[PDB]
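Enquirer: What follows is the residue order along each chain.
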Amino acid sequence: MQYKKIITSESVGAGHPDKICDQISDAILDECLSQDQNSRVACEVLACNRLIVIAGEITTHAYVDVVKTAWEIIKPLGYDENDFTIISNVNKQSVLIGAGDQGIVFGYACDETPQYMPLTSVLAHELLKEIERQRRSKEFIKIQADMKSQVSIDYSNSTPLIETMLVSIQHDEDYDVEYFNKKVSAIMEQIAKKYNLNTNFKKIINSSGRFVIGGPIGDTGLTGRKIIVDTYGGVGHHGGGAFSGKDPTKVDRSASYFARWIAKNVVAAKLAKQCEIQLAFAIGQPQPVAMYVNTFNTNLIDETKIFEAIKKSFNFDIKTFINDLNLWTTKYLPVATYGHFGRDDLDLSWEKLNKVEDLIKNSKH
Amino acid sequence: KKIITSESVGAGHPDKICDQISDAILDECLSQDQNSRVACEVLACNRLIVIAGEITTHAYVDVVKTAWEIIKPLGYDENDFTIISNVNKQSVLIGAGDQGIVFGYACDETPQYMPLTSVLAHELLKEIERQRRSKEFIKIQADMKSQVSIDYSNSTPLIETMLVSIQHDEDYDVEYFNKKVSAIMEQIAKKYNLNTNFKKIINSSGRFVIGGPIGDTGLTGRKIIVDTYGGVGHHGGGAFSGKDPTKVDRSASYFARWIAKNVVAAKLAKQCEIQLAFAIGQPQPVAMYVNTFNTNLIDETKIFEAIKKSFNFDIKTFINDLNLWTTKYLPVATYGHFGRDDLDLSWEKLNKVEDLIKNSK
Numbered sequence: 087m088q089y090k091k092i093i094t095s096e097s098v099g100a101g102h103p104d105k106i107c108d109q110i111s112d113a114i115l116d117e118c119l120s121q122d123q124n125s126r127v128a129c130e131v132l133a134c135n136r137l138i139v140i141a142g143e144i145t146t147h148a149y150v151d152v153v154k155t156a157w158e159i160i161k162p163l164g165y166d167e168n169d170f171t172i173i174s175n176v177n178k179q180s181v182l183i184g185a186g187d188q189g190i191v192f193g194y195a196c197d198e199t200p201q202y203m204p205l206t207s208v209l210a211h212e213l214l215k216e217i218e219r220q221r222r223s224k225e226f227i228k229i230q231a232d233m234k235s236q237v238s239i240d241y242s243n244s245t246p247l248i249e250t251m252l253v254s255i256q257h258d259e260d261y262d263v264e265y266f267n268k269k270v271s272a273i274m275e276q277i278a279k280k281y282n283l284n285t286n287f288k289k290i291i292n293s294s295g296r297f298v299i300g301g302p303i304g305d306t307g308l309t310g311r312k313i314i315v316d317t318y319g320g321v322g323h324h325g326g327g328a329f330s331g332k333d334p335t336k337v338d339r340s341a342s343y344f345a346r347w348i349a350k351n352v353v354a355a356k357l358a359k360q361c362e363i364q365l366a367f368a369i370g371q372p373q374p375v376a377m378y379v380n381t382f383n384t385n386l387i388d389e390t391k392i393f394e395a396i397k398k399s400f401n402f403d404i405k406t407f408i409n410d411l412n413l414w415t416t417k418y419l420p421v422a423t424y425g426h427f428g429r430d431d432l433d434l435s436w437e438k439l440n441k442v443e444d445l446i447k448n449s450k451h
Numbered sequence: 011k012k013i014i015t016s017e018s019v020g021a022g023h024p025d026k027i028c029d030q031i032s033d034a035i036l037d038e039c040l041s042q043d044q045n046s047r048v049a050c051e052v053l054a055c056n057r058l059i060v061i062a063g064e065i066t067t068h069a070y071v072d073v074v075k076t077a078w079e080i081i082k083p084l085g086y087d088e089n090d091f092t093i094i095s096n097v098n099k100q101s102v103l104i105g106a107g108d109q110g111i112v113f114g115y116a117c118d119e120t121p122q123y124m125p126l127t128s129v130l131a132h133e134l135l136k137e138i139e140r141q142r143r144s145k146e147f148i149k150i151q152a153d154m155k156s157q158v159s160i161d162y163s164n165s166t167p168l169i170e171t172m173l174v175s176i177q178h179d180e181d182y183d184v185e186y187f188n189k190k191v192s193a194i195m196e197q198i199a200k201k202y203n204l205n206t207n208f209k210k211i212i213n214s215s216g217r218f219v220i221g222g223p224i225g226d227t228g229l230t231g232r233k234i235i236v237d238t239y240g241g242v243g244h245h246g247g248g249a250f251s252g253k254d255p256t257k258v259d260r261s262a263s264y265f266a267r268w269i270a271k272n273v274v275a276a277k278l279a280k281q282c283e284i285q286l287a288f289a290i291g292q293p294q295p296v297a298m299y300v301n302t303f304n305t306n307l308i309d310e311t312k313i314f315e316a317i318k319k320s321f322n323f324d325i326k327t328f329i330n331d332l333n334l335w336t337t338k339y340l341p342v343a344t345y346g347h348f349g350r351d352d353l354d355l356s357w358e359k360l361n362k363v364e365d366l367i368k369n370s371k
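Heads up: the sequence lines are chains A and B, in that order.
If you read the first sequence in the working numbering, its first letter stands for residue 87, the second for the next number, and so on.
If you read the second sequence in the working numbering, its first letter stands for residue 11, the second for the next number, and so on.
The set of hints was computed from the structure by calculation and includes no laboratory data.
Positions of the beta carbon are idealized from the N, C-alpha and C atoms, including for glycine.
Mixed in with the good hints there might be a few duds.
[To be verified] Stretch by stretch, here's where chain B covers chain A in the computed footprint (C-beta under 8 Å, at least three residues): (1) 143 to 153; (2) 287 to 297.
[As the list claims (entries may be wrong)] Simulated crosslink set (BS3-like; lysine-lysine; CA at most 27 Å straight-line): (3) B/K11 / A/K447; (4) B/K277 / A/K398; (5) B/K371 / A/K91; (6) A/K91 / B/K209; (7) B/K11 / A/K359; (8) A/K356 / B/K11; (9) A/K397 / B/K210; (10) A/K90 / B/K12; (11) A/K397 / B/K319; (12) A/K356 / B/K12; (13) A/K289 / B/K318; (14) A/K90 / B/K277; (15) B/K326 / A/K288; (16) B/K209 / A/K397; (17) B/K280 / B/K312; (18) B/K277 / A/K405; (19) A/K398 / B/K318.
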């Protein structure tokens, strides 16, 4: 059969139940870090049918109404006080940085897009962002906030082709299918044209045949059940830690950002076409207990000199890299939709190409 | 140095309590009704356990009773938790029920055809748990974590570090506890014929009396890397526990493992990873990618040919070929879903080597 090399990634919209939970988790975190930059937050959410359970462990001087915050995320998606029961079992308290958990994180970067992210990811996110922009401006009417995208790209040749764009969008009972299909097709062609790609791909629109019920209603959502949508869409490895609802002292989050920041800067500095960085942690240890730099035989100089330049260019102290990425004063709600990485539409510290100068100098040029 | 690291967690870990309750409820349903649809999720937050999700079954199931059957053996009693259900239960579509991507992975580092980091991490916790049950290792509890770093700088892998964290009784003897863990680490090393002089990190937090969900949270499907390839293989994002075979997140991930393992066993590659993508209503994967990491012993194109000729890509058919309707899932809710030489999983059977060899000429 032989074929072809076909890589695929997905995204989900703000109304997807798994992502409602990530949004509520990070909104509660943002509320705490506003008032108290020393807040400890480990906030998890279950959205099951018409019951939302907010849980976890918070230490903060901040006044926070976890239920009120949850409604502030839900209401804009079109729900009202009649749609959910929302309850808290959150345990709230007052009063060098060692890791607070064991575990592994992965940073990843490549040169396929201006975002230094895989093309599959970028196209999947961009589809849903444009559909959501059009929903808010009423350019695309009679749709709702729960949606999913999936983009398959054919890497058989020098130049990537789009093989398939798939979309599922929650629609009103009384929608016009002809209108809806035309709107989605034109949006798919618009996104393709924006990354200068082929226009002639297979289009799969609402293949289930009907999508009126969405969000948590027939269904379940939980915090940290979109950890691949949140990262590198199956192109990069993952250590298993979820991001949303965690303050910067959880190395699951801050080290994953730190590693992205390295990877992106390694590729930007033309040391490699792709770079993946594994950090492992041990409870009480102020630096990663282990490190692996994978460059997938795309290194443009010696693998050994890349490793040297990374060790010389970055501080691996957890407290220090937390401060260097201003993670205590970063807004997290914006990265709870459409991924944590390559957000040319945001202003994330870990996406800044402010270490290329240092890597070039520290690579014996 | 090239240092890869993976982890495992014990039966008492709150994330894994939830996976266990999810799969126990599934097993209870499939016992009575082999046509059950189960999408069961669990939140364990402090002393409240919420069982949720979507079940269609003819089976009589008490989800709360089933949850207590997982909890009580870990040492808890009726006074420790409030357990409530918001499960939407009912009585009585073609092809995939969801979009998504899965990844199957296999390598030749272990008899399990799994990464050494994973195997060592799982084996450590299984031996500690066996010793807890036989009272060979006293004054410990069921919440535990392992993390194993292996040095792949040379032809021959070295162990760099073994880390263990085990919940202990208030009145334990540190010297006893550290001696027990050291000897277990050396035993696991000797068992895979590895070096014996590595770094040993034993309860580095300094104290681990409180564990499980107490003062913490667990959720179903928050150990999806422990459950799979420990960071060596890619992941599509789908969690396994609490899902009947019609969820391709579960059955396709098994199907792909079964391919990968058999590709490596047939000496076609030292490593094999298989990506399958799905679309709602489509009876087969909508896309497939075969990665062999430049370890192929034959042409990449002929490996792809032999896979397509040797396996049925019809979702209903591969479900039946792996006897997923009559498979017990609770056993794979601890210590990973793959390379379980201690179990009898259909997707671990080397019964496709003959077919791949023939279909590669």
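Enquirer: Now tell me if each hint is right for this structure.
Expert: Results of checking the hints against the structure:
Only when three residues or more bring their CB closer than 8 Å to a CB of chain B does the claim for the region 143 to 153 of chain A stand; here the count is 1, and the claim is violated. A count of 4 residues in the region 287 to 297 of chain A with a Cβ less than 8 Å from any Cβ of chain B is obtained; the coverage claim is therefore met, three being the minimum. For the hint pairing B/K11 with A/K447, the CA-to-CA distance comes to about 23 Å; that is within 27 Å, so the pair holds. For the hint pairing B/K277 with A/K398, the CA-to-CA distance comes to about 42 Å; that exceeds 27 Å, so the pair is violated.
Only pairs whose Cα atoms come within 27 Å are accepted, and B/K371 paired with A/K91 is accepted, the gap being roughly 22 Å. Taken as a hint, the A/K91 and B/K209 pair is broken in the structure, with Cα atoms around 42 Å apart against an allowance of 27 Å. Simply put, B/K11 and A/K359 have alpha-carbon atoms about 22 Å apart, close enough for the 27 Å limit, and the pair holds. A C-alpha spacing of about 23 Å is found between A/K356 and B/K11, which places the hinted pair at or below 27 Å, so the restraint holds.
Our distance criterion of 27 Å between C-alpha atoms is met by A/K397 and B/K210, whose separation comes to about 25 Å. With a C-alpha separation of about 31 Å, the suggested pair A/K90 and B/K12 falls outside the 27 Å cut-off, and the hint is violated. Only pairs whose Cα atoms come within 27 Å are accepted, and A/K397 paired with B/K319 is rejected, the gap being roughly 48 Å. For the suggested pair A/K356 and B/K12, the alpha carbons sit about 22 Å apart, so the restraint of at most 27 Å is met.
The hinted pair formed by A/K289 and B/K318 meets the criterion: a straight-line CA distance of about 25 Å does not exceed 27 Å. A distance of roughly 23 Å separates the Cα atoms of A/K90 and B/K277; the hinted pair therefore holds under the 27 Å criterion. Annotation: proposed proximity of B/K326 to A/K288 holds, straight-line Cα distance about 24 Å (limit 27 Å). Between B/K209 and A/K397 the alpha-carbon distance is near 22 Å, which keeps this suggested pair within the 27 Å criterion.
A hinted pair counts as satisfied when its Cα atoms are at most 27 Å apart, and B/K280 with B/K312 qualifies at roughly 16 Å. With a CA separation close to 47 Å, the supplied pair B/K277 and A/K405 exceeds the 27 Å bound. For the given pair, A/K398 sits about 48 Å from B/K318 by alpha-carbon distance, which is inconsistent with the 27 Å threshold.
Checked against the numbered hints given earlier, this structure breaks hints 1, 4, 6, 10, 11, 18 and 19; the rest are met.
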